[PDB]
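Given the sequences, and given the hints that come with them, work out the whole structure.
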Amino acid sequence: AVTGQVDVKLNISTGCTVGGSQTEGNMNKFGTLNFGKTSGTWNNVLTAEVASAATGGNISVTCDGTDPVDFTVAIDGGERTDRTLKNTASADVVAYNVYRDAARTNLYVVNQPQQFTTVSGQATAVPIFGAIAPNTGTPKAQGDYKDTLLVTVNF
Amino acid sequence: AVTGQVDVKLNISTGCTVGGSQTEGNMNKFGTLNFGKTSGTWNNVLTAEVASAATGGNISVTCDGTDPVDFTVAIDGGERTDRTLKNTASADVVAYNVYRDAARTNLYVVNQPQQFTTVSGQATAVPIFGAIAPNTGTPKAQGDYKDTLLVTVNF
Amino acid sequence: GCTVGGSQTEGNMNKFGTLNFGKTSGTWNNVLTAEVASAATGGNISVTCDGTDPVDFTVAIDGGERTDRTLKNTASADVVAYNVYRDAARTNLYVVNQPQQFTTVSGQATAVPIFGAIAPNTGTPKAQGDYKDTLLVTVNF
Amino acid sequence: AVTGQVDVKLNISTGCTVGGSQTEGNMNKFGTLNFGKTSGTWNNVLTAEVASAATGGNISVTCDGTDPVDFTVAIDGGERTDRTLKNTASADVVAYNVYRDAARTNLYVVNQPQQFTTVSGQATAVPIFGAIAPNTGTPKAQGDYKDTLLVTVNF
Amino acid sequence: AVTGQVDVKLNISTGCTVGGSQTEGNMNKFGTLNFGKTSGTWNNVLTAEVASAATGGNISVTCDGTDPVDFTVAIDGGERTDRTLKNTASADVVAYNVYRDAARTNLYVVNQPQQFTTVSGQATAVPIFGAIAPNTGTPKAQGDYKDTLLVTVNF
Amino acid sequence: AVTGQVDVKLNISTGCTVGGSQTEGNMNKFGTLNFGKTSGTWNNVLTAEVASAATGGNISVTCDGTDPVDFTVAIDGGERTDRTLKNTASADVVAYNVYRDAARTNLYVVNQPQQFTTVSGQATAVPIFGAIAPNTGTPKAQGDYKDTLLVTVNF
Amino acid sequence: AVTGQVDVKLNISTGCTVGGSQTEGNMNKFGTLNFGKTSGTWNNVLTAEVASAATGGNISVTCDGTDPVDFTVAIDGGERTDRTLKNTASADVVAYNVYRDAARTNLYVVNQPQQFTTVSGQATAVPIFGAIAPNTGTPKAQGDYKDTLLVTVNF
Amino acid sequence: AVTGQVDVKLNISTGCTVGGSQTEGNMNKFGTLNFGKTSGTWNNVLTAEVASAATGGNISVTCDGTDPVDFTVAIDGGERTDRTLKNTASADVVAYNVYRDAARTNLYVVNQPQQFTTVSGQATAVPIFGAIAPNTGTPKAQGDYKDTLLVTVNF
Amino acid sequence: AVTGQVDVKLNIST
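As they're listed, the protein sequences go chains C, B, A, D, E, F, G, H and I.
So in the authors' numbering, the last spot in the first sequence is 155, and the numbers never skip.
So in the authors' numbering, the last spot in the second sequence is 155, and the numbers never skip.
So in the authors' numbering, the last spot in the third sequence is 155, and the numbers never skip.
So in the authors' numbering, the last spot in the fourth sequence is 155, and the numbers never skip.
So in the authors' numbering, the last spot in the fifth sequence is 155, and the numbers never skip.
So in the authors' numbering, the last spot in the sixth sequence is 155, and the numbers never skip.
So in the authors' numbering, the last spot in the seventh sequence is 155, and the numbers never skip.
So in the authors' numbering, the last spot in the eighth sequence is 155, and the numbers never skip.
So in the authors' numbering, the last spot in the ninth sequence is 14, and the numbers never skip.
Keep in mind the hints are simulated off the structure, nothing from the lab.
From the three backbone atoms N, C-alpha and C, an ideal C-beta is built for every residue, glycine too.
Among the hints, a few may not be true.
[Claimed, not checked] Partial list, computed: chain D residues near chain B (C-beta under 8 Å):
1. 2
2. 66
3. 68
[Stated by the list, open to error] Here are the simulated DSBU-like cross-link-like pairs (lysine-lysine), alpha carbons at most 30 Å apart as the crow flies:
4. G:86 with H:146
5. B:9 with B:86
6. B:9 with C:9
7. D:29 with E:9
8. C:86 with C:37
9. E:146 with F:29
Written out as structure tokens, the structure is:
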């Protein structure tokens with residue numbers, strides 16, 4: 001019998017809120033990274049942007065205050081922690097990655113706070129640009145591949 | 001004068017130990033559930049994970065032996081027994097809950113042994129995922145809200 | 015007078031409960047901690063008073079069989095030092111032979127939290143077996 | 001701490017692929033819209049066609065299957081979202097537009113899926129015809145003007 | 001979803017301009033190759049010169065600078081890519097060709113940069129001499145035959 | 001890159017044709033204006049008539065129809081645009097002119113449509129009467145002098 | 001639009017010249033065939049010789065060189081092509097003919113090169129002997145009858 | 001190629017006609033100057049008068065009108081232009097002359113208009129009196145000597 | 001202008 005304590009805390013004062021999300025039960029549904037349909041072996045880098053579940057556009061984070069707040073954005077490694085989509089039925093995997101800039105260069109490194117700025121009376125967009133490498137080796141099995149990345153807007 | 005007996009017992013043989021805790025005086029400090037800063041009325045479900053007081057990551061329970069032991073995890077209802085954080089100065093309360101899975105579905109029911117597995121030469125993590133409902137009604141007073149959940153790793 | 019609930023009469027001595035720390039290895043790094051379980055119901059000892067005005071009753075726990083709060087192995091002579099506290103944070107200690115004060119109102123039963131706590135033994139591994147002690151809790155007025 | 005979910009998806013079954021592109025790092029380089037050299041004030045509409053980065057000719061999109069698939073083509077508004085080329089050093093801008101037909105009539109409207117057809121065993125070309133209005137007012141500063149239009153072949 | 005990049009460029013420094021054109025909407029109308037009226041079967045080679053839409057004479061290309069610039073001229077294959085005029089109503093076709101010299105010898109080969117010279121303070125003419133072979137076989141249907149050759153003055 | 005359009009047209013309905021010509025490659029060879037042999041300094045006006053390349057006589061233009069059509073005849077200024085024959089080897093020039101009537105009065109003015117009539121079931125002749133002024137000044141160098149006048153029968 | 005070519009030529013080397021002519025504007029006036037005055041009905045063959053416009057005597061053709069050159073002489077059929085003089089006002093005609101020898105035997109056949117010889121340092125005369133048949137039938141109307149024969153000295 | 005003009009003229013109004021002639025083909029045969037037979041060396045001047053070919057007498061010129069017209073008579077120098085009769089076979093010549101008066105005094109000078117008068121309703125005779133000098137030197141060869149003098153009645 | 005011919009003859013023999 002090892003009984004222990006867990007201090008719970010919350011500082012209600014002046015915070016920042018994330019728009020574009022829908023409450024899926026008790027977990028914020030931020031959006032979808034829909035690469036679309038594809039064949040077994042694709043030569044072109046499959047690339048799609050996150051579509052917020054609430055509006056359809058990009059996640060719009062706004063802060064509540066007058067001075068420009070600096071908030072951070074961190075995305076995790078997905079269900080299996082290595083950014084791989086898994087086929088619903090078979091065990092095939094599809095490696096992918098999420099970048100921050102339009103040219104697929106600034107990668108959202110696993111469990112890292114990619115910095116962001118936000119001014120009063122304005123909503124800043126969180127570009128989560130997906131990208132998949134060209135698979136010109138083995139044709140992955142037919143079906144639907146999925147993953148649930150947890151995006152962590154933290155301060 | 002009602003004098004009575006209390007039998008004390010301890011079976012020293014082959015037990016299981018919880019890592020990630022720090023001994024706060026004579027009580028094991030397991031960690032912190034830090035939701036962060038927030039405004040009076042938040043529309044998004046505030047959500048944070050427990051951070052072990054010893055390492056900063058998740059509580060890592062390991063057992064001492066060779067066969068996989070099945071240990072249980074039970075969390076209580078907090079200081080007031082209804083999972084509410086209380087403002088340090090005023091009497092305002094903030095209802096919350098702790099879940100076990102990443103999607104806020106498998107709730108750690110009050111005083112219930114949520115089952116867990118553990119194999120030899122490995123440490124299993126105890127995910128205590130916090131979650132707070134969207135308060136879009138009354139703005140709670142400014143300040144710091146706290147609670148001390150007692151996590152009970154028992155066999 | 016005032017009466018103590020949650021006890022079972024073991025012969026001619028009131029069995030109040032059990033302080034079960036559970037199973038453990040020779041050397042434990044975490045403070046072993048468990049709460050008293052009343053022998054009658056399984057929960058906490060529920061003391062209720064018989065009357066209309068709120069009575070102030072006291073609770074005193076002794077030092078165990080050997081008077082130094084040590085559990086003894088049933089076979090060998092190894093000992094395991096422990097202590098019983100009153101509050102959930104292991105701070106307010108039930109000092110040996112001391113009347114820790116308590117309140118009780120009419121039409122209500124007050125619980126007597128006897129929170130056990132054992133220090134982290136990271137030195138010598140105590141021998142295998144069962145360690146026991148019989149603390150005598152003294153509800154007096 | 002606002003943690004949220006982003007569902008990632010990919011339907012590997014029977015897709016369409018775009019030829020004529022080169023993988024620039026992790027972003028598909030489709031081509032170049034080279035208007036050529038020009039003076040400060042040009043009276044003639046400057047006009048050039050996209051040159052695929054892989055072959056030099058037009059982007060050749062082919063689909064993978066037997067039934068004629070209807071795929072769409074969408075081009076965005078450029079780096080600044082208003083189809084303006086910017087001088088590498090100064091802040092001068094050069095407004096332009098991309099059309100689909102040879103007579104500069106069917107405009108690729110910003111973020112719009114201009115429809116397209118494709119049959120089996122054939123590659124369809126994606127004509128991205130550039131066009132710049134006659135500037136007979138102010139002479140833009142000397143140097144190189146650039147823009148990066150993101151072409152979005154989607155299904 | 002195959003998203004890709006198209007680099008747009010323009011070098012504003014010292015260019016060459018084409019005179020004799022009129023801006024038809026957003027496409028430069030260079031001129032007309034009017035062979036005139038004819039009967040079903042003509043024995044003489046029908047021959048006419050381009051008439052600039054702006055002045056009525058020959059396209060006058062002038063360069064903007066002091067050193068003699070060498071610019072090129074390229075004409076494409078017409079609407080159907082085989083230099084055939086099509087009847088507005090029926091599907092009859094009339095094969096033709098455009099030459100550069102007055103004796104119908106130096107042909108403007110399809111998609112080829114026929115070289116040209118230009119000196120400062122002077123406008124050079126672009127002779128686009130049309131020529132049609134003698135049709136002494138089948139009488140083409142009555143009506144108007146048309147084609148739109150795209151002339152490409154490039155550097 | 002200045003890309004432009006050139007509308008090509010042909011009205012196949014009821015036209016007029018020119019006889020007496022031979023197709024030299026893709027250019028209609030109408031005839032020859034042979035002044036003959038001459039000495040360095042000639043006192044008499046050298047004068048000869050055009051000899052059609054097909055028959056040897058005068059160019060016979062006939063129209064295809066029943067109503068009398070009014071067609072025009074235009075002759076240009078020769079290779080150098082000033083009606084001068086050039087010696088094949090040296091740079092000496094011999095000024096000349098082409099008239100329409102037998103008395104060398106009605107001159108075929110440069111780039112001008114000298115009017116003509118034509119009735120059904122008849123061929124009208126196009127008299128191109130050459131004439132050279134008496135050179136009694138400087139003796140032009142020995143050799144052959146040539147020029148290629150482009151006759152333009154247009155409607 | 002039937003555009004065609006007319007090759008112009010002149011061989012300046014060693015030619016032959018015709019004397020006795022005057023340049024009437026741009027046409028060589030060779031002479032006059034003056035039959036004189038006559039009545040409505042003449043019984044005698046009216047006969048006169050050509051009188052050169054320059055001297056009054058016979059046309060004197062001389063060649064420029066040392067070897068005897070053989071040059072030809074050709075006379076056409078007059079204004080109406082049937083050797084008829086026309087009254088200036090009325091439509092009456094007077095048929096005539098031009099002979100080469102003094103006895104009216106060797107006729108200058110229409111468009112025919114009647115041969116001639118010429119030696120160095122000498123001028124040969126071109127006898128154009130006119131002759132009119134005796135009209136003893138109908139009296140032609142009063143007035144002046146004219147014609148313009150084109151004499152063609154060619155080599 | 002020296003092409004030239006010869007104006008032909010005839011004034012049909014009120015003329016004069018010559019009688020006594022016969023049309024030899026297309027040339028008026030006026031008469032014969034028959035000296036008769038003679039020996040190699042004649043001492044007497046051989047003398048004979050012209051005998052008209054039509055009647056046998058003298059040429060009778062009559063004018064057509066009412067006022068007395070003054071017409072002229074001109075005789076040329078014969079075939080060789082020096083008034084010599086030539087033997088048909090050999091090259092011997094016989095010099096002669098034609099006079100106008102009966103006493104061999106008024107000579108018809110070569111190419112000269114010897115004047116004559118003529119009144120209405122009367123025919124005037126043209127005396128062409130021949131005369132040959134006494135040859136008392138060399139005897140000319142046997143045979144027939146001939147000449148054809150062209151008499152020119154002109155106005 | 002009425003131009004005409006006059007044949008001239010002489011028979012030198014006896």
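Which earlier hints turn out false for this structure, listed by number in ascending order? Hints 2, 3, 4, 5, 6 contradicted; others consistent.
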